[PDB]
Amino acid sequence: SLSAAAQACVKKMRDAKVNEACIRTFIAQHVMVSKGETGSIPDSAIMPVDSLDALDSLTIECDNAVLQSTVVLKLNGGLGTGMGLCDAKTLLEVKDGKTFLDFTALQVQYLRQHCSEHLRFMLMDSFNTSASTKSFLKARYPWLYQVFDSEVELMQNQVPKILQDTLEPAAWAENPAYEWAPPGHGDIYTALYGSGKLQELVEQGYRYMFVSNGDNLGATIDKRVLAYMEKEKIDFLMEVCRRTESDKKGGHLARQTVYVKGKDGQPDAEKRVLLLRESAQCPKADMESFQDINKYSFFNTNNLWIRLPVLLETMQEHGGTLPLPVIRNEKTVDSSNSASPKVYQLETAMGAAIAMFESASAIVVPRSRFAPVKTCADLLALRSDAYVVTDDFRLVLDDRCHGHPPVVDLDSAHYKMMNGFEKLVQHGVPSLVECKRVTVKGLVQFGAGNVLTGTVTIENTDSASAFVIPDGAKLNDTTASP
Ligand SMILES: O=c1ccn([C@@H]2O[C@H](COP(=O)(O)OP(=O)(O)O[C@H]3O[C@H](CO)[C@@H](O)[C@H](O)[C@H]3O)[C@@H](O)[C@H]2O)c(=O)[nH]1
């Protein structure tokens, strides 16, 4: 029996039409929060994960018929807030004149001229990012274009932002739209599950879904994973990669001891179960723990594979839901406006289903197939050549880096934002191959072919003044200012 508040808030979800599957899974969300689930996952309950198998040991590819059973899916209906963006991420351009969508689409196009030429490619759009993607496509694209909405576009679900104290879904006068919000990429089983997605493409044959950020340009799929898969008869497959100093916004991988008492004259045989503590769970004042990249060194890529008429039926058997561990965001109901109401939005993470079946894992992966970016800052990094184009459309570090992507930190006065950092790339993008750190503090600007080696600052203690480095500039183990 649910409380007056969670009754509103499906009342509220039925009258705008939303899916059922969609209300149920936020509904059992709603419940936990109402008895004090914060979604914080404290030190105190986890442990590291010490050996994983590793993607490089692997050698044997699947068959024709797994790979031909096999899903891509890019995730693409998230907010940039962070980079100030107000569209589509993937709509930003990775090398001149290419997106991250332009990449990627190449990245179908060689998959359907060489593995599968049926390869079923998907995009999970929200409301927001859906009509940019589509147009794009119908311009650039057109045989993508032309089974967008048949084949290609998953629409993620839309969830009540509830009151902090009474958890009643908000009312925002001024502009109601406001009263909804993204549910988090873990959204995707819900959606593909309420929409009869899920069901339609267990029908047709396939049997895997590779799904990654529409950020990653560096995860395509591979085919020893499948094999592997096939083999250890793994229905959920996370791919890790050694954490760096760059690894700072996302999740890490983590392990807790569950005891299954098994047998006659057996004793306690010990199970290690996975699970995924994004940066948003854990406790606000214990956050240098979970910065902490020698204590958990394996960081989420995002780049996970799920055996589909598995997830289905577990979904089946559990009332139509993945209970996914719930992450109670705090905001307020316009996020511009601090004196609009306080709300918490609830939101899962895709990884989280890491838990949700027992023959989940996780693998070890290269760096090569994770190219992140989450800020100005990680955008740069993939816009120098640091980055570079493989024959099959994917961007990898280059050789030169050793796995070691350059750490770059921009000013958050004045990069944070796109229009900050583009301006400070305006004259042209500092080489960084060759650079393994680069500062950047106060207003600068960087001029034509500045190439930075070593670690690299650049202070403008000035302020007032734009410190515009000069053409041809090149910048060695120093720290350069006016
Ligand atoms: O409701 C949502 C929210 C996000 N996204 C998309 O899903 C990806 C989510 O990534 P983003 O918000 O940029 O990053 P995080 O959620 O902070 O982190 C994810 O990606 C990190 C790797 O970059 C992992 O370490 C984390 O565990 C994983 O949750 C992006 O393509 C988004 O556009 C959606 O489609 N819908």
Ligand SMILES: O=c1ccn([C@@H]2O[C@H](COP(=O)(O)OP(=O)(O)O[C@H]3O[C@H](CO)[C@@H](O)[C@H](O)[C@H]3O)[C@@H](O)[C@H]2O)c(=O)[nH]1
The other form holds:
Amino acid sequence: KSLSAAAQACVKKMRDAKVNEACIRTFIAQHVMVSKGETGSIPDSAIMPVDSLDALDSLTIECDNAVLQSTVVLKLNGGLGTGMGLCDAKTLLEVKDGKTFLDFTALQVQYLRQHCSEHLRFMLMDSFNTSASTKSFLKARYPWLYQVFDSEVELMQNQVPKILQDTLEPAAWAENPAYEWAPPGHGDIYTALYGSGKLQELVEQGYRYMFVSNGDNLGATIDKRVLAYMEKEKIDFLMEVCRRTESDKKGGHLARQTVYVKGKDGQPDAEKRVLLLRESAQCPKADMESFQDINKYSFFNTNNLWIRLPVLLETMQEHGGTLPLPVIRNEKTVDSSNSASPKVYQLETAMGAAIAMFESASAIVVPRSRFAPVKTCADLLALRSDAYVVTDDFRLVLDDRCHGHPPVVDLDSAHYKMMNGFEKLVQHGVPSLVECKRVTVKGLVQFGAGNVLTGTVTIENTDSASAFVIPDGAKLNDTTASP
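Switching conditions: you have the form solved in complex with the ligand, so give me the form deposited without the ligand.
A single chain, with no partners or molecules, comes next.
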């Protein structure tokens, strides 16, 4: 080997634990990079804003149903709802009418198979934490997915060791041999696809396109207009972006770099623009102000990505069976809670950063409805309510009586950040929010059954040693309800 002793210890620990060679190849290349000085930082001087992009609302032509016969739907399914106090797979959260996130995508795929394309493939990227519950859920409710779960559906996210910041050796932990491993970010989909052989199996069987998206994003549905736009424009990697708002100033954004290839002898000097992603972790403390300027950098990544699979395979093969994404170098501790434990580096990548790895890569701006993540219990309440309606093809869209905008829900963080607090609020029923512009709740409150809210409502309780109960049938119209 040409590896350092620290890197050697890393591969030895990973080979012992039966980690596959594609994950080892990819991690060690990041390890070598970090041992040569790479920090992950992207200053403002290194990038330019991106000003002009095509939009999805300018498109009208849909594709043939032949293209959908060669399309795979991949959902990220590694997330636990820890932010909402959950222990299990976020996708198994009841979101509307007794159905989960997973229910809706599976019903959307089931619909497309019967009506459009029987060979549309559905895959899930699971972690060790979400696999068993995901498998059990499919056994009970979707046996056609359960029968082919291991062979076709499930894609396992691998784990990588944390390394110390001084030696870059694999950190050891006597208490827990589990706190010495970590996930490598969702950029690991490429490593897992290639390393398991499933990417080769897919191109072999004739699949051309893959639509990847977060499992907790209900707006991420197949749109035939995007597939036609990729065919016609001969695009290999397409990222959906949205216009940034001040609510999104602390999240990542799209950026631009240029590569001048000099013309040999008497020639014209060529130009190629290259798109890239910059998240907050990659931004230096000095440039955080320019990071949050939503007029300089005005687009953010939805994680709705479209990939031409044969080109992905070829590009990874040309790199020796890996995709060399920019490494994000987290500075944390072996035990995350305890700041006495040794300082480590947690190396991860972002699947959206692959937009820089392709010549024919592009980004298309889409409406915000394509990015409807459920990350707070406030988002859940809006989605549970009649403000959202299911279509015949099992999508979730706003009711027309919402005038293009979901109701705005501000729930007290002291009582409703956790799911157990939120389910107490809607214990007797979730109110009608379809005609509601805004609703904000402060203090301990319980709705009643058959409640209807209109306009802008505020329900506040100042007494934290008490609960405010709203009776059944209560109508609340542009008011403040208080004890």
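Residue numbers count along the first chain shown, from 1.
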Checklist entry - Rigid parts turn against each other between these two forms - so which of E37, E153, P283, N337 is at the hinge? => result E153
